Every structure is written in structure tokens, then in C-alpha cells.
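**Student:** Below, each chain spelled out in residue letters.
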Amino acid sequence: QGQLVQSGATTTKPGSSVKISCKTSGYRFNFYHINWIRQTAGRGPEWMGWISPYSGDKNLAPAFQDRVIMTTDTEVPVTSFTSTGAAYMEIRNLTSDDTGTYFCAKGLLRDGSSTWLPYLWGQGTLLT
Amino acid sequence: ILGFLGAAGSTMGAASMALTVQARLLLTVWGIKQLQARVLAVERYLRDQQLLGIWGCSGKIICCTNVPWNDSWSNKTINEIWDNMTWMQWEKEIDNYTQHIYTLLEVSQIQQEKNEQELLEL
Amino acid sequence: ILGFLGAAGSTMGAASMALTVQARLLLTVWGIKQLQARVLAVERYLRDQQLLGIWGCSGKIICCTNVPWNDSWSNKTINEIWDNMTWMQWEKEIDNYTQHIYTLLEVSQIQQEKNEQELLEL
Amino acid sequence: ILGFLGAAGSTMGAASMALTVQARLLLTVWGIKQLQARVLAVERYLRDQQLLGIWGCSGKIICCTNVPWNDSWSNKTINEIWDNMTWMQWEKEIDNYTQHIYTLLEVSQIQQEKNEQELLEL
Amino acid sequence: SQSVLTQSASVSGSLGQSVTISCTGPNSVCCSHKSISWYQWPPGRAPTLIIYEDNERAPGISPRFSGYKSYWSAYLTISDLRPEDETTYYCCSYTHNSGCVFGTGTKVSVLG
Ligand SMILES: *[C@@H]1O[C@H](CO)[C@@H](O[C@@H]2O[C@H](CO)[C@@H](O[C@@H]3O[C@H](CO[C@H]4O[C@H](CO)[C@@H](O)[C@H](O[C@H]5O[C@H](CO)[C@@H](O)[C@H](O)[C@@H]5O)[C@@H]4O)[C@@H](O)[C@H](O[C@H]4O[C@H](CO)[C@@H](O)[C@H](O)[C@@H]4O)[C@@H]3O)[C@H](O)[C@H]2NC(C)=O)[C@H](O)[C@H]1NC(C)=O
Ligand SMILES: *[C@@H]1O[C@H](CO)[C@@H](O)[C@H](O)[C@H]1NC(C)=O
Ligand SMILES: *[C@@H]1O[C@H](CO)[C@@H](O)[C@H](O)[C@H]1NC(C)=O
Ligand SMILES: *[C@@H]1O[C@H](CO)[C@@H](O)[C@H](O)[C@H]1NC(C)=O
Ligand SMILES: *[C@@H]1O[C@H](CO)[C@@H](O)[C@H](O)[C@H]1NC(C)=O
Ligand SMILES: *[C@@H]1O[C@H](CO)[C@@H](O)[C@H](O)[C@H]1NC(C)=O
Ligand SMILES: *[C@@H]1O[C@H](CO)[C@@H](O)[C@H](O)[C@H]1NC(C)=O
Numbered sequence: 017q018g019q020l021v022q023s024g025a026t027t028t029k030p031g032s033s034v035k036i037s038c039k040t041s042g043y044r045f046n047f048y049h050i051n052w053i054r055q056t057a058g059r060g061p062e063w064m065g066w067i068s069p070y071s072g073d074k075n076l077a078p079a080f081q082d083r084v085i086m087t088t089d090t091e092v093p094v095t096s097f098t099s100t101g102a103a104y105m106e107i108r109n110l111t112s113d114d115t116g117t118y119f120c121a122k123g124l125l126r127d128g129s130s131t132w133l134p135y136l137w138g139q140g141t142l143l144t
Numbered sequence: 192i193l194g195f196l197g198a199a200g201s202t203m204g205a206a207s208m209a210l211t212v213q214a215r216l217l218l219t220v221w222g223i224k225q226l227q228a229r230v231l232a233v234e235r236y237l238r239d240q241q242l243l244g245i246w247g248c249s250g251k252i253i254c255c256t257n258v259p260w261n262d263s264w265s266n267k268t269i270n271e272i273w274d275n276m277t278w279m280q281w282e283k284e285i286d287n288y289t290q291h292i293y294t295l296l297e298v299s300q301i302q303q304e305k306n307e308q309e310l311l312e313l
Numbered sequence: 192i193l194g195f196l197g198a199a200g201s202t203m204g205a206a207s208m209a210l211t212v213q214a215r216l217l218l219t220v221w222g223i224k225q226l227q228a229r230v231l232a233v234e235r236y237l238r239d240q241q242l243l244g245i246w247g248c249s250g251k252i253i254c255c256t257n258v259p260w261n262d263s264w265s266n267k268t269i270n271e272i273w274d275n276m277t278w279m280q281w282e283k284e285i286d287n288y289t290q291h292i293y294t295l296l297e298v299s300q301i302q303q304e305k306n307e308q309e310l311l312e313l
Numbered sequence: 192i193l194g195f196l197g198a199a200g201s202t203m204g205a206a207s208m209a210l211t212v213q214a215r216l217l218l219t220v221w222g223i224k225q226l227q228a229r230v231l232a233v234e235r236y237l238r239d240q241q242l243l244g245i246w247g248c249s250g251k252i253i254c255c256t257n258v259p260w261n262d263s264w265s266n267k268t269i270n271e272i273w274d275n276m277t278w279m280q281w282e283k284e285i286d287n288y289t290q291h292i293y294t295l296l297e298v299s300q301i302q303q304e305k306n307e308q309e310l311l312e313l
Numbered sequence: 166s167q168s169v170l171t172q173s174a175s176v177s178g179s180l181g182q183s184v185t186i187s188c189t190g191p192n193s194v195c196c197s198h199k200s201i202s203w204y205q206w207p208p209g210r211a212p213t214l215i216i217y218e219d220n221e222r223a224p225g226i227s228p229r230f231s232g233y234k235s236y237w238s239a240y241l242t243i244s245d246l247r248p249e250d251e252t253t254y255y256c257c258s259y260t261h262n263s264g265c266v267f268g269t270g271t272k273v274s275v276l277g
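Chains as they are written, first to last, in the numbering used here: chain A, 17 to 144; chain B, 192 to 313; chain C, 192 to 313; chain D, 192 to 313; chain E, 166 to 277.
Here are some, though not all, of the chain C residues that point toward chain B, as calculated from beta-carbon distances under 10 Å:
(1) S207
(2) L217
(3) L218
(4) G222
(5) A232
(6) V233
(7) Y236
(8) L237
(9) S249
(10) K251
(11) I252
(12) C254
DEER-style ranges, computed between Cβ atoms:
(13) C/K305 <-> B/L218: 26 to 36 Å
(14) B/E282 <-> D/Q227: 36 to 46 Å
(15) E/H261 <-> D/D274: 51 to 61 Å
(16) C/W221 <-> B/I272: 44 to 54 Å
(17) B/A228 <-> E/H261: 42 to 52 Å
(18) C/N257 <-> B/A228: 41 to 51 Å
(19) D/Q290 <-> B/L193: 15 to 25 Å
Calculated from the structure, these hints are not laboratory results.
Where is the CB? At the ideal position from N, CA and C, for every residue including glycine.
Let the sequences and hints guide you as you build the complete structure.
**Tutor:** Printed below as a string of C-alpha cells:
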């Protein structure tokens, strides 16, 4: 029930690395995972991996394990159930194959079997 | 588990387990003040036991009843309550209808022992 | 219904319905007097709960037992009691034997959990 | 029977019968002292009722449970306990493990209404 | 594209009618041992969780959308086609400690 604003549209060239932000608000940032998804021109959507703002635990697909730098800050509490945090996204070996729109997605629940499911999406950032 | 109120910021499904931990620790200027707080402690406690009694829950920690969940109280699913909201989040959302459901539990208990009394007439 | 003690001059059959209304409102010179009445209120209340407990009625509002109605207490029919006399009329007529029936309910409860204890031995 | 504490030096099998006798009589310098003892009397009593409640024994005088008798507490037979030792002899021998069994009864009651809650889900 | 979880390619419908979209793959990603999530996804924009855990709807999802999962495929039905349904729908297979294995996509046209 909050916003997940991201960075702008930064376009570099292959071999480099790009940093993408994801500033949260309106919800307890520590209670829900932060997923990272992308839709490239060449495939469809592809799940990259989620990170736990509380457990500090990461799980990412083997297709993006040795490329992605994924971190979070620590929420700045606003009220008892509101906070403001940030998740960051980087990649190693960059090409024009990874060109596409990228968003972050907050988890669905806090317990059960669909805890991390990307429910609340960001806005999208266009890569190289 | 976690201790007294240990799962206050936890999901309602996790906090609902092992509720006997917040059930144990519920019960001259210094002397009068201390005796004042001792009498009040038994009054607030017996009010909850008085309520559990006239609901058929006298002795229960989890107590199912007959009153159906009116969606006017909350149109949320069971999964988006017990696996998401905390016990302090939930009853702020129900705070208004809390006095309405106390009346519903009492009539469903007086219309249960009254149907039970006719049952044992045979 | 009628409120607190609303059916005091009504028939025992009408007053016996919705008994949770007289069950809710049962529980320095000004300060000592007020605290004196607060402690007494919990004592008189717990005495009734103590009695309901050692009768198997702990939690009941209407509680059937095993003790048969001795006609020496009252040779009146059920119809000329519940549809005629009021609750205040009735217990003046039973006032004498009231202490005799309190003893009968207690032995019928200690000779019920003792027969229940042998039941679960198998 | 024998009265209040009448079977204190009797066998545990004889004293276990008619336990409603020690269950009834359980509940300014003179004034403050007398009110001090009145409040303490209700506190000590409700602690025992609080314990009986979170064990499923709320209302019971003899209450069987699920916790098996660990022979580490006492390797004595039932016959050499209930027909020989007195109630004051017994709990001196169990005095150490008494706080261990209070914890066992509480988890066997929270893991009984929780299995009961899933039972009524169907 | 290399999505092991194939969908119903494309499908059409009309206002007031109901559609159905397939979503099946090999035994490595489907189905009796995996949950199925359904996403409404306009072209390269803000997605929307329609249905999770086979048949469960997200908060506020219209009662039109339904879910079903047999032992080899999962189905997404769009009852009572309203005009605002022209988009592409993706499925995803997942457990509790895994990730979304997305689907190939299915464009739905409501032209009528
Ligand atoms: C405070 O609030 C936070 C946030 O709400 C709570 O953290 C969340 O707790 C829930 C449930 O406790 C978590 O959901 C579970 O997620 C696990 C996934 O863990 C598995 O995979 C991880 C990554 O692959 C891995 O780290 C785990 O391995 C262990 O090691 C890490 C070390 O980092 C350790 O921290 C872990 O605890 C693990 O022990 C593990 O392999 C998932 O498996 C769970 O599903 C199981 O359990 C549920 C029932 O709970 C059941 O329905 C399933 O079928 C399955 O059996 C479950 O989904 C969630 O991930 C946590 N984090 C979030 C939401 O960000 C925290 O618990 C709260 N604490 C208190 C005290 O209130
Ligand atoms: C729900 O509550 C309202 C009053 O708040 C009442 O009018 C209505 O009949 C109730 N409906 C159900 C289904 O309980
Ligand atoms: C309870 O009533 C107040 C009236 O001022 C209202 O503002 C509030 O929204 C109500 N609670 C809920 C949960 O709707
Ligand atoms: C009735 O009570 C009297 C004593 O008041 C007793 O002697 C008699 O046995 C009782 N009879 C029945 C049938 O209970
Ligand atoms: C109770 O005992 C008194 C003894 O003085 C007697 O007068 C009275 O009639 C008795 N009550 C009834 C209902 O018989
Ligand atoms: C008995 O109690 C001890 C601890 O006092 C425990 O280690 C043991 O497992 C128990 N055994 C049984 C059979 O209950
Ligand atoms: C209880 O513990 C004390 C420790 O000082 C020990 O001496 C005593 O024997 C124990 N009780 C029993 C019944 O073994």
C-alpha cells in the first residue's frame, strides 16, 4: 500500500555496470522481500532474485548469480507501521542483450507459502 | 518461545501459538499505592474471565463460536489476516465493531444452553 | 430485553430467559470506603463462582444436575412454578432447604468426577 | 467425612475422596491488617484457578491429563503411593520436579486446543 | 525466448463472454508440486498480481477472474469480459523458497 519509486533511465555501454535504486514508502520495509524483475527485448519477463530487508538473505536465479550486486539500506521509521527504505541493483558483465525495462517488487505476505511473491511493483527503468 | 509479548510485531498466525505466556503474567504512600494496584489487577482480570464465562469460553484460550463473521466488520480473507497483519493491527481495524460482537457472543451462549436445556428434557 | 432485574416481578419462565443481563453488572474517607466496597464486590462474586465450580456448573448459566427434586422441599408442579411464581416468591418458599441442596450438589459432583476417574482408567 | 484437612495424615487414596471440604474454606491497625489479608486471600486463590485454567482443569477437582509420568520424578508404583504415603509425604518427594510438571501441563493444553481448532475446521 | 512454461499463445473474446488461458510445462516446473501465479501485464509497464496459489485472488481482484490447477496444467479464466481487458497475461510457477518461473505470454483481445 505504498510507492516504490526507482531511478531514472541511465544508458551506458557494454562492459560497464549500472546502479538502480528503489526507494520505498508507506509500508514497513523490513516486513517484505524486494524482488527484481526485468523484461528485455529478446525474451519476455525474467525473474532475477529477491532480497530480505530483515533477514539480509538473498536468493537469485542461477542465470544472474555471478552478475548481480543486490543490497538494501535500513528503514527510517516514520510511524509504528510506516517506514522509508531503499534497495539497490547492479550488474557485472553488461551487454546489449540485457537492454530492457527493470523494476523492483515488494513481497506479497509475511508468512505462508507465497511470502516473496512480487506483488507491489515499482515504475520501471530503461537500461542501455 | 519468545517470552512475554514476544510476538507483538509478529503475524497473527505465529502469535496465536503458545498464548499461555501472556496468560500467566496477567495476575502510607507506598502501601496504599501498592494495594490500590493489587485490587485493580484482580478486577481487570476477572472482567475478562466474566466475559469468557458468559460466552462459553470459560477456560478456553482459543474458543470457536457460532456467530458468523459479518463482512461489514472486515472484508479481508483469512490468509491476508493471519499471515500478514499483527494482532495490534487487526483490532484497530475492528475497534468499532468490537462492542457489537461482544453482544453477539452473549446471545449465542444464552441461546445455546437454553437449547441444551430442552435437549436434556428427554 | 427489559434491562437489569427487568423481570423481577415476572414469571420464573420469562425471567429465566436472557440471564446474561444480571450476570454482567455483578462485577481518606471516600477512598477507604470505595476500596472497601471494591474488595467486597469481588469476594461475594467469587463465592458464587466457587459454588458453581464445586457443582460442575463452572461457566454455566442454566445447569442441570443429578440430585432429584425431593418433594419435601416443595410439592408443587412445574407448571404452577415456572408459569406462576416469581423468582423472589420461589426462593422464600425454598429458603429453609437451600442449605440442604447446596450439600447435595457438592456430593453429586465429587461422586461424578470420581466415577469419571475410573472411567478413564480403561 | 472428617472435616477441614481431616485426612492430612491419611493415605493419598483416602484423602483424595471428598476434596470439596478443603475447596470450600479456601476463600486503623485492625482494619488495614484485615483488608490486607482479605486481598491476599483472593490473590492466592485465583493463582490456583489461573493454573487450573491453563491446564484444561478449570472447574475440576480431579483432572487427568496427557503428560505421562516420567519415572525420573518417582520410580514408585501406584500401590505404594496411594495406599501408603500421605499427601504431605508425596509432594516433598516431588518438590523439585513440581515446577517442571507445571510447564508440561501448559504445553499439553496449548497443544490440545490447537489440535481442537483444526478439528472443527471441517 | 527460452521459457520452459508455455501458455496458450494468443486467444480472443467478446464483451460479456468468458475466456480461458492455459499454462503448462514439463514435470520440472508443473504442476501438482508448485503454486501458480497469474499476472496481468500491459506492454512493458506496471504489472498486476491477479491470482496466486492456484485459485486465490489478490486484494481487490474482481470476482470475474478464476483459477484452477490440474495435475499437468493450470487455467486462468476471465469471466464476463469487460472492455478494459486488452493486455498480455503471464503465469509463474513457484514454491515457498523459490522464484517465479514465468510463462510465454498470452495476448487477449476483447474487440466487439
Ligand atoms: C519479523 O518480521 C520478519 C518479516 O515479516 C519475519 O521474517 C519472515 O518470516 C517468515 C516466516 O517466519 C519467512 O517466510 C518463510 O520463508 C522461508 C524461506 O527461507 C528459506 O529460504 C531462504 C532463502 O532461500 C533461506 O535463507 C532459509 O534458510 C535458513 O537460513 C537463514 C539464514 O539467512 C535463516 O535466517 C532462515 O530463517 C532459514 O532458517 C530457508 O531455507 C520459507 O521456507 C518458509 O516456508 C516454510 O514455512 C511456512 C510456515 O512458516 C510453510 O507454510 C511453508 O510451506 C514452508 O514450510 C516461509 O515462507 C520470511 O522469509 C521472513 N522474511 C521476510 C518476510 O522478509 C520474522 O520471522 C519476524 N520475526 C519475529 C520474531 O516476529
Ligand atoms: C451485518 O451487520 C449489520 C449491522 O452492522 C446488519 O444490519 C447485517 O444484517 C449484518 N449481516 C450479516 C450477514 O451478519
Ligand atoms: C470507527 O468510527 C470512526 C468515527 O469517527 C471512523 O472514523 C472510523 O473509520 C471507524 N473505524 C473503522 C475501522 O472504520
Ligand atoms: C427428602 O428429604 C428428607 C429430609 O429432608 C429425607 O429424609 C428423605 O429421604 C428425602 N427423600 C427423597 C425422596 O429425596
Ligand atoms: C422455615 O423454618 C421456619 C422455622 O421458624 C418455619 O416457620 C418456616 O415455615 C419454614 N419455611 C417453610 C417454607 O416451611
Ligand atoms: C524425563 O525427564 C528428563 C529430564 O528430567 C528428560 O530428559 C527425559 O527425556 C524424560 N523422559 C521421559 C520418558 O519423559
Ligand atoms: C531436590 O534438590 C536438592 C538439591 O539440594 C536435593 O538435595 C534433593 O534431594 C532433591 N529432591 C529430591 C526428591 O531428590
